[PDB]
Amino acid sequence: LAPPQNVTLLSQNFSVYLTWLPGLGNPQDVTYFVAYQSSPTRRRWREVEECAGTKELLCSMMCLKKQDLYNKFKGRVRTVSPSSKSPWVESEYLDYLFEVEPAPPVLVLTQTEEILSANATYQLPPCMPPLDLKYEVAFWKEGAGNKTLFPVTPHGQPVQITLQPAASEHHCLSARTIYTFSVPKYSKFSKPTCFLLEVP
């Protein structure tokens, strides 16, 4: 059996995944088995239960038992059929704190009088290390040339916007996450949430 190809450990939305491509030899209804390294001070390849014999070309590698996201670790995949097992193919190391890719927040909007508050929230993997997330809110009139950007704000705090009573136009908000460990990582801006402003 031809081993999986282009075996890659990557991060998306705060999580980690292993992906790959089928072996050079291209039999069918072949399955795949996946494993990961545990912590460097108690290392052992462990299998990912849910990916065992998968026919998919990826595997979630987040919040695994005995995983240590504070150090490098690799995943490995092999191709398997009844008629053979391929050799293992390892990924590069992935070092979560320095390579995780943040998702945009989901903004929660409340309004009181002339103050509109836009508050970031996130669905975070339960094992995630406590990252310092901040976010940057963009605000604008639908179709307008320029946008306004509010000061970068810590997860935990809302962004406060003063409304103009008479501006009953369709407006729009969006935000991205800034995650800075040793170098700033920016997520994309979230999909705009839009609404008709009305003060009284």
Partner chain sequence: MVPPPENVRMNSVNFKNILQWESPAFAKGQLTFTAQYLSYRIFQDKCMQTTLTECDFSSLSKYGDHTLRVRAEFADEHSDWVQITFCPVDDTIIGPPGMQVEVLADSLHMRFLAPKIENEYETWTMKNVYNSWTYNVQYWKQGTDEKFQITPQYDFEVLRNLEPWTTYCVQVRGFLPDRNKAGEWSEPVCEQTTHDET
Given for the second form:
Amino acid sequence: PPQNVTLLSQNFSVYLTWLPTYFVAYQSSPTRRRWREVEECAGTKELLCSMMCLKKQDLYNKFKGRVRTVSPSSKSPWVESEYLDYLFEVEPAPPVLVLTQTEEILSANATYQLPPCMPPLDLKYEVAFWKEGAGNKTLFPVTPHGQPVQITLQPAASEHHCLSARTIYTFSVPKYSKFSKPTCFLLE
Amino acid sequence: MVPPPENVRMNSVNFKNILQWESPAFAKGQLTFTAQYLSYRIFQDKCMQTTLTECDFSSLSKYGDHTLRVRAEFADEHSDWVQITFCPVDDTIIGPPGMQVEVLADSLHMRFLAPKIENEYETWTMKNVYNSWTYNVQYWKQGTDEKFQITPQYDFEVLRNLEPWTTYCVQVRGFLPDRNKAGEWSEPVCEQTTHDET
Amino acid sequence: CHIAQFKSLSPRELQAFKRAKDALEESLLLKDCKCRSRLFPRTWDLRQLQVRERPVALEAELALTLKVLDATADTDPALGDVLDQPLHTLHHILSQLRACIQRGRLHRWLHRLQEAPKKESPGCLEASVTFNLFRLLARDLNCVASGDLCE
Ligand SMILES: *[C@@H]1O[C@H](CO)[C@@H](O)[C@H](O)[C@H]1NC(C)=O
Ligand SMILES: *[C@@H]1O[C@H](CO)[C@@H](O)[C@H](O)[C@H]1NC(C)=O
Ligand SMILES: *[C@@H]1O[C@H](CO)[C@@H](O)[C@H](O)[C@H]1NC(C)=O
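Return the form solved in complex with the partner chain of this protein as a structure block, the form solved without the partner chain having already been given.
Everything in the complex follows now, all chains and molecules, and the chain you saw is the first one.
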């Protein structure tokens, strides 16, 4: 009998976590009277399951999921979760910046590892730029995914600068993520 | 019996759509006005019996065409409807962009900030409304009146090989090459260069 | 023809659509929904058609949606308070879509969309196009607007 039943989204994917062999199923909102089992988490011993890129899934509506504890001796009742509308509740992930330098220009390009069944989400990122241990950082304008942010560089000295970025997903309302791990390098 | 509103126009800049009009000559008393927009079903009311000479229509869909009408009302009698048609994507004015300018020796780094849409968000600006947005930059040496044009690929550009210790003024505007529609220019920002060429 | 602008819809418009889908779902649960021979979702994806044929399929789905929700706003005025702005937008997209257009999987699809209003209950069609509302806007319209980049 698993108690905590949580259907959460983290880094462009939907996971189901439960706390006490396990069986997990899902139900689509249009197919309300139909459940469907997960083949990957069939008899698993973990406490989380990937609810992303399922066989007959429909991320364009809300869906719930249920999980029950099983054993060679008994079966526990199903414990369904709350609904999660993907397009409105998905949490994005911080990008990975590809840093290149040309003359006095530093370009910070964002890259993403995205699930294959992901809808065509509108991703933009905000780059943070600052010297290592400054306190005051520099936020640049919101930039589309696929275009680099070009940054003016002072040629003198060789100061340790760090770079960070965060993703902004915008469908009905902007949804911000945390900032990535700051990538620090040797400016010149 | 009641005169209609005169000079009825739609002042729209960056999809801030303000229906402006001038109050006609009336001697019996203070007039009031009622503006309507044609929704999908019927003319819905926006401003009802206001004393102002304008009404906010920024909540309009901004896709497609809208029909707007306004009339003047005094006591129970009212004037005729003055009706206009407004297409936001085509009739709105593209405001000036922002421009951050930095001086670096004989170079000149300028970043362009998009014109903001108040009722939208930072991730949906005027640059995102039009599919063929491109900035348009114009600069000159202060006092020469000889303008030079440049079309940057994105929201950043560098003006290299300039004259040292010389003041240059720069402007930026939106532009749509599919229609050859130009936005308003930014206010001229003038900055002085330093020395030496790399 | 210039539908490339519809890759990114204005968020305020999507907030208006989201209020519509939330309002329709409240009315669909009390009506007689879920009829036999369902049409949405279509079993195949629009990328499996040629770029010039994708607007044709999208037009027939959008015209059905517009026809159903227009009949829904006239049935329930209270429900039409929210559907009004969505209806205006769907109509405009449909107008822009028809400007890009002159027995395979497209013939049978266009056929079932055409032979569904005459052989299905209203509450079913209402429920069928409601759950397909953001499939159409976020995926199908996006693909058609992306032209030769949707593949
Ligand atoms: C979920 O688990 C946490 C600890 O993991 C607990 O504090 C909380 O009460 C649980 N929620 C329930 C039982 O609803
Ligand atoms: C996000 O999930 C994808 C798989 O869906 C993975 O490739 C990527 O590394 C993850 N990013 C994180 C955990 O930051
Ligand atoms: C930056 O990364 C994106 C990843 O989506 C890629 O499409 C693009 O080619 C990269 N380079 C530039 C200059 O944007």
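Positions refer to the first chain, counted from 1. For clarity, a rigid core is taken as the largest C-alpha set superposing within 1.5 Å between two forms.
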With both forms fitted on the core, give yes or no for whether the Cα of residue 41 moves by 2 angstroms or more between the two forms. yes
To one decimal place, what C-alpha displacement in Å is found for residue 111 between the two forms with the rigid core superposed? 1.0
Distance the CA of residue 145 travels between the two forms [rigid core superposed, Å]: 2.8
